[PDB]
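Let the sequences and hints guide you as you build the complete structure.
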Amino acid sequence: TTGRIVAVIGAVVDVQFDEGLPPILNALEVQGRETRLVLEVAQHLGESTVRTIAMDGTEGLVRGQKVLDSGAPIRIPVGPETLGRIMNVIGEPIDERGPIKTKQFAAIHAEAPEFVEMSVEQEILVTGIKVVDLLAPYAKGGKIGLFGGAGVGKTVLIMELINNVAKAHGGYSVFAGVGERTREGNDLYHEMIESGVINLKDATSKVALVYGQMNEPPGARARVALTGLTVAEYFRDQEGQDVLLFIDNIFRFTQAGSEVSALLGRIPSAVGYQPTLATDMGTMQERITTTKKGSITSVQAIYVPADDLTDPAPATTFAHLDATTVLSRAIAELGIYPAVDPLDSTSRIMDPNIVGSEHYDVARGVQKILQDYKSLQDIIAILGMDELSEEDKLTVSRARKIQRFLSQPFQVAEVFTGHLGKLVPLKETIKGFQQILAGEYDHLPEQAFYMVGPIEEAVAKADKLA
Amino acid sequence: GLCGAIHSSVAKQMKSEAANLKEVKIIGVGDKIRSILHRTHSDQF
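Read top to bottom, the protein sequences are chains A and B.
First residue of the first sequence: 1, per this note's numbering; consecutive thereafter.
First residue of the second sequence: 1001, per this note's numbering; consecutive thereafter.
It should be emphasised that the hints constitute simulated quantities derived from the structure, not laboratory data.
Every clue listed holds true.
Only pairs whose alpha carbons sit at most 30 Å apart, straight line, appear in this in silico DSS-like list of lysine-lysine:
1) 393(A) / 1015(B)
2) 461(A) / 1012(B)
3) 393(A) / 461(A)
Written out as structure tokens, the structure is:
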């Protein structure tokens, strides 16, 4: 079918059809252009007109221009031949390595797995990161979220996890760059090549890359997540594969939505966001999941605007995760990295019947002492410690030593910590924290605990501090 | 009070002695001592 462009406003192109109106979600190709311009139908305004969302800049379009119904929704190359390749929202390669020659093609809009298809196995995923492992442990096939205001550690934490987990993972990985920096895509691609997870020589690549960055028009940013998502769904269900899915940043998808929403003509909801915010997050978040057919461990970075976690975007995302790592500017500014807020991160696995009571008791032990320190802080703030009780001052000592021992050097952040990256084994974490709690190091100085791996290194640092 | 750790310091060292030790009897000059290294050792005043 051939329609005609009737109106153009930014990324919202209205096209009229005479015979055969395309259903909603169908991709149309604008005619008469140097490059592909896909339009995704969004709604039937009546009068044989359809309101659509462009997938690329709309400059140059002209009213009356011809548009062709592709007959289906954006469809993209899916299969193992996407492994080691970089692709677009609309599935075209952007790594200058030729066509992605796949047997099948999948449409980016699918329904979420049914209730009966759900899984409930809960396995802990150890990452080697002290704070995460001890207090808000991730889980295989689970949904993890790293909340962070600008420049707090979301990406560095994804990188370190890619390093500590993705690197020795049997099975595939999918990295979906949504609304982030292009240089980062470039930094990663080349790094992936270097460590050999991307091999441009053989078919041994274990990563497929999808990108729709900070330079794309809203509609592209609004759909690349769906695109990375689809790639991952193929490995899960069509190959019963154990997938790893990294997304930086899923907040950008929602923001993209807010960008076009006025153009679609909708009364805004709170904070200027689109009234369809939750459902849009929902039908999308619900496909990022493990099932009986396959496993999807997904780590999603969630940018928090103005640092406000009460913002509709981040606020609505908590409910979709199994584990959350809430990063803090306040902590970061103290020099503690990763800047994880220990009393604000959680994990549905923090259950005695899953991590064992030893783990469950150290974990709750650490939080209780930090919570206690937290209430003393108001008074410590005007009057310092003098007036504090001998007992209270011991919580304070221990809390400040536990707070420091929660920090740790990442390989990925070596250039900034000035120290060699460390990976601490769970039992080493459970332990080191026990002792601290138990008063076995009340003699060491705080600084001994800052930026170290295992407790054994904290004792040493103390000697060096003399 | 409101002089940092003036009192807590002497008290801290005061309890330390009474423990390590020979009969024990004590005197405190300045009400603060009589309120701090106290209760535990009133029957030791």
